[PDB]
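> The primary structure of each chain is shown beneath.
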Amino acid sequence: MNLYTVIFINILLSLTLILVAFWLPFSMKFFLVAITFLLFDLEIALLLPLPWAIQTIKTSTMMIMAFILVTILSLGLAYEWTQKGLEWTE
Amino acid sequence: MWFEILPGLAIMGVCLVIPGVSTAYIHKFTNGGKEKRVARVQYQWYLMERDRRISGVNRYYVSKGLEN
Amino acid sequence: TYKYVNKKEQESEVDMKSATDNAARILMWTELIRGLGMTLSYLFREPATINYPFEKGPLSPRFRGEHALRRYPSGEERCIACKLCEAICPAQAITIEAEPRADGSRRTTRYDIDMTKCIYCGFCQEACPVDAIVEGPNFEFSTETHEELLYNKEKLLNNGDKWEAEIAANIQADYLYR
Amino acid sequence: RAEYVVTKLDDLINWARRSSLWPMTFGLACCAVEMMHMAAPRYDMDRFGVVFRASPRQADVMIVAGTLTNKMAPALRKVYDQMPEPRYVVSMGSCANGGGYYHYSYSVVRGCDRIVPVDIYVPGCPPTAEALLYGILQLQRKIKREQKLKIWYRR
Amino acid sequence: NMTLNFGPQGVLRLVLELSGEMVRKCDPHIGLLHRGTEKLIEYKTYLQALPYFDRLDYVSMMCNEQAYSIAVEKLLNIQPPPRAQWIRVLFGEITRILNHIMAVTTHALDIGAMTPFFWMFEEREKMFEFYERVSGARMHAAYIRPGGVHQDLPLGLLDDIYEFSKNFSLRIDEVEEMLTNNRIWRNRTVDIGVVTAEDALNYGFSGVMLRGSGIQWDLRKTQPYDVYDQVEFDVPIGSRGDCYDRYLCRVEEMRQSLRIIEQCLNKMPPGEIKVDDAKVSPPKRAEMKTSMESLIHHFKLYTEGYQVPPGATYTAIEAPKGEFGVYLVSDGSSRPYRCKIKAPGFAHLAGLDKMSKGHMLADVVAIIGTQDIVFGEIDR
Amino acid sequence: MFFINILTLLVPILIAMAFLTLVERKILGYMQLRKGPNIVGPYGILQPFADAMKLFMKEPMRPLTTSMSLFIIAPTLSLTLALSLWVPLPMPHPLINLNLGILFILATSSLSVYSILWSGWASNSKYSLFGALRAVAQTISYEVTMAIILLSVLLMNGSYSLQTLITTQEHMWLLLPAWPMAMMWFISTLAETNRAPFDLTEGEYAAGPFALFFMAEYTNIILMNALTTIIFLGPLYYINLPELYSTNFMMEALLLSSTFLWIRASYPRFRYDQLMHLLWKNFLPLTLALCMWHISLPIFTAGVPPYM
Amino acid sequence: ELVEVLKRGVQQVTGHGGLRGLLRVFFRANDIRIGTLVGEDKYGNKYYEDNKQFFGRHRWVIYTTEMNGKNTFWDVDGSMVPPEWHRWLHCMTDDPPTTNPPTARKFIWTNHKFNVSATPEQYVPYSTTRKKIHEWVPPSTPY
Ligand SMILES: CCCCCCCCCCCCCCCCCC(=O)OC[C@H](COP(=O)(O)OCCN)OC(=O)CCCCCCCCCCCCCCCCC
Ligand SMILES: CCCCCCCCCCCCCCCCCC(=O)OC[C@H](COP(=O)(O)OCCN)OC(=O)CCCCCCCCCCCCCCCCC
Ligand code: SF4
Ligand code: SF4
Ligand code: SF4
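Chains as they are written, first to last, in the numbering used here: chain S, 114 to 203; chain H, 722 to 789; chain A, 1427 to 1604; chain F, 1230 to 1384; chain P, 36 to 415; chain Y, 33 to 340; chain W, 51 to 193.
You may find that some hints are simply not true.
Unchecked claim - Derived pair list, reagent style DSSO-like, types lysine-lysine, alpha-carbon separation capped at 30 Å: (1) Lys-79/P - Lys-314/P; (2) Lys-1237/F - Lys-120/W; (3) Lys-319/P - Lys-1588/A; (4) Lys-1307/F - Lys-60/P; (5) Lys-1509/A - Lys-324/P; (6) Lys-182/W - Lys-1581/A; (7) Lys-92/W - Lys-156/W; (8) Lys-389/P - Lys-197/S; (9) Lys-161/P - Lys-302/P; (10) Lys-335/P - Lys-324/P; (11) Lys-1373/F - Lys-1307/F; (12) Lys-96/W - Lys-120/W; (13) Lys-389/P - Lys-375/P; (14) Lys-79/P - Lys-377/P; (15) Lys-163/W - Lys-1373/F; (16) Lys-156/W - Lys-324/P.
It should be emphasised that the hints constitute simulated quantities derived from the structure, not laboratory data.
Can you build the whole structure from these sequences, using the hints too?
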């Protein structure tokens, strides 16, 4: 109930301020950026549960899989780099 | 000189100190002179509900002890 | 004689020492902390600011500000209507019209200056052979209408009577340079 | 009486509008180096509340500094129109007051007061930053001497 | 092609045709500050016209008076005296310092570094104080005139100039620490607006835009006009033709200016200040008020000024922005028949389009700053 | 009592932003060899109220080709997020004690792109849309490291909670370790907040909306510096002295917020292309490398932290 | 050397007419410096000096609260400074009136007037030359 109260309060305050305000008187580069950001945000999604995965017993396995993730992500980055995907010189 | 920005720095510092100590004092006031018990898992919630049920006044922070 | 900027006397050394120095410069952000230090030093100095209406900026006895039509100790005017000021004024800002006065003298009936045409060059007081028109020291005479800056004989004579206690002293100071 | 509180309200509104003056510096020519020198330490434009230079879309005052030509008048008028009321104008220099040293030219507007309405005229070619500051404080007082709510009340 | 109009809303109007973030076409627009100086001058004596040059390229104003003075003296076939020449050199160098402060700091301002502006405009105030102490006006001192100089220096000016020259070096160093080796400055400037020497020549460039590409052309070491032949100073040349090289050149120029000022002060000679030819330069006021001939000459000079034998000249001055020239045509009259002003910013803007090839929208604002574009000398 | 706590939290942070404006102006002035505001009130403490009155008293020239919906809900959203971020912060005890609190911070920070983009799509032009696209791309790109840094530093404390970092730094700051992760975190806070040298979006709104945007900006500034203080500069926590913790937290947050302005006055701007190269070629490689390093550290060391 | 600074500060504070004068000064002229009183002018203004401050702040003025019928407690102008003190305050001199007095001449204004850009006693221009062309007036009786 408390979170609801706080957010409602903030919204009310914002709308009140903005009411008083009135009542007183194509390039593919950006698309490629968005796509790269998708492919890294999903990696964040696959990477966030490490604070719970590092509590397990299969440490030799979590080590492995996390290294796989990071390594192949770096390789994809390097390839997008070599292929001039981070240049901006139209 | 450089010692004329303090009239504002100190204002902001006081405004940034108020939240913390205010919240602490209000917690100590609403929860019987004790911190607000946290519940990261169900075990602590069970302990809390149990204290509340044994209180007899429906409040988890009314510790009873041996006398009861 | 010439010099070189952005040219080295000879190639450098790729030694591990210099390479590591440059890598430290890059990673540790070394050349920027010095700018931060310059800004901190300036924070810890005295600013050159002044309370304006209470503390005024320094000027010289040659400052060219507002205009004035002067007089003699007797009180008689000085302008003899010779029109050299009107003839030298680059912006054609001085309009003059004269006549013989009932006492038989060369004196003006009309002397108008347009401050929206004056470029404040002093040629008029350089030309006046009698020291009658002077670009005085005052600079604080802004207005709210474009019609208060069209001066005339009366306004200029009032300014002279007003500021003579200062114009005379500044002229006493500087007249040996001109 | 309501008159007392209305006077106080107008005084407060004017205090704010005169202590938060933001200029659009329409700087065209050699009457702009002086505005820069006025922002500089010795005069510290920013010390009275007058920001150095803001956007023409959230500004309050507009400083016309230098010769305005017939190729530049429409842009100045468009800026004046885009600006939000209540807006004030300050003409800095002979060029903008009456054309000055080019008043008899074919490509000069003989006064910014023909393209936009002016509130404070500063004379000089160029006027010292001290004089420009004097003029801006004169504008401050012109604002402090307004009676908007009073005239709306006794209407 | 994502076209846009940029600059106005301070008289510049660029029309930019982009391709994505790159810049393909830069069309500058001119005449937003065209007043008609060259035509008005035709209706004014050879002295009623001097202020116009103070008003052109309004950051120096005295390297502008100086060109007109030299041209009219070349026509009259006179020469001013040593003290006038030395004062004129000294103050020309001071105007150089002012202009270069202006350039570097407005460059860093339009780029984003703004504290040098305030650190250095105080020095600019202190030098406007000299301007005023000698002429009575902070900026537009109609002080240098054909025949020499209007007035002599007051008795407490050289000492002040010495106190100022003492510390301007430490100020330049204060700025250099922040700017020259900063990786962000170097990234904004290096390899920007490159231009080769032959193309510069064929485009009509002058000054730092020449000697930042390895060329050796300074109109004070070559084609000298004042006693500059009696004073020593170095000319900094570049190696790559980029904004960084030009920045360093302007800085070292601000330094050579102090090197020249030390010498000018130490070697200031005594004597008169304006040619003692009262048919050109007015007489003193005591002589005017006691002698007949002097008064007649004053009258004629301030009503129907001095007459100039017909001819034509092109006198070039090494102004802070480059070769400032005056094609001055004369009839045997008190007034000129034509005065054409050659300004470097003209050709520099003309070449902006080629200098902005293979560059973004945020590099053009620096390419401009590297030319010191003032529109008074351009639009005239 | 809870509403009173909410007031005690909200009012002071707004006051602190309003006065951080003045502190910025004064500091920049004294670094530029001038004073700054001195007049309106003693040392200027009335100038922010004056400016607020002025703005809110202006007349809004709402673009005609626009959409009122996206015109009003953009600054509303900005301020709502900028205020709801301050909620979970342990100072030392939090108003709302959340687990996954730093994740709530990440999300409620990443949600501002919507406003910074709707404003542009609303303003009917192409230059404003260009600027909005570029700013969105910048913010987006730097969110990546803003997330990975925390993902790697939250393995010295095995929990996404902010009330665990206190005991994690009960003996030593998390700066000595991960000072290379901070230097990359301290900057993504500038680029995320479009703060110089990353102000390529403010270097087109009425009085009220501009004011709300300003408030959001400076609130986010204070909050990012507060997060830095709590994470990498863990202050003192003696169970009986929340007063001490709050004092130290305030001091460090003010240090950081003054450092931001130090920087604004000290350095030039960047060029969008170079700004993006910075991340995608210097920060992401090092970030992933140090992420692997910090995944291995708690293993080849027996110092793997707990889950309480 | 910090306690000496604090002592200089406390004396700068108490160096006025107690709290009332301190507030008056600090709120009209945002400055609480102490200086030597070189003189005072007919209109109630005071002029202070201190040669150890830097050039531009080594001289200053406290204006009058009333000038020719006007509440100048808040409104204040550099136009209030009469000429003799204007010349010493803008540092054209090293000598003030008290020691170097002006030349006593009639037709010089005894009472100084400040800027009147909008007051009812302001300046309105006009032509000072008489009529040039005189017309013909016929008599007031016919034929
Ligand atoms: C156990 C042994 C092994 C363990 C593994 C770890 C070993 C240590 C690894 C070293 C880590 C190095 C530090 C990590 C960050 C480095 C990032 C970096 O170097 O950025 C490079 C970039 C410039 O790159 P570039 O353009 O190529 O250089 C010019 C070429 N001549 O530079 C930039 O562009 C940066 C731009 C900065 C602009 C803003 C600067 C503001 C600085 C303010 C001060 C901040 C101080 C930190 C604050 C902390 C916050 C609490
Ligand atoms: C017109 C203008 C429009 C602009 C509006 C912008 C509003 C955006 C405001 C920011 C959004 C905040 C997002 C809130 C997510 C909450 C996430 C969270 O952590 O809450 C979980 C909470 C605690 O759970 P946990 O931490 O896991 O463990 C607790 C055990 N002790 O357990 C809970 O689940 C608590 C109950 C959930 C409360 C969430 C309510 C969030 C605020 C609602 C906003 C409503 C706005 C209007 C409707 C939106 C449009 C439809
Ligand atoms: S100072 Fe003004 S009025 Fe006098 S000659 Fe020059 S332009 Fe004309
Ligand atoms: S030059 Fe002097 S005397 Fe001659 S008309 Fe002009 S003001 Fe009068
Ligand atoms: S009035 Fe004089 S200084 Fe001002 S812009 Fe015009 S010519 Fe330049």
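> Mind listing which of the numbered hints don't hold for this structure, in increasing order?
Checked against the structure, no hint fails, so every one of them is satisfied.
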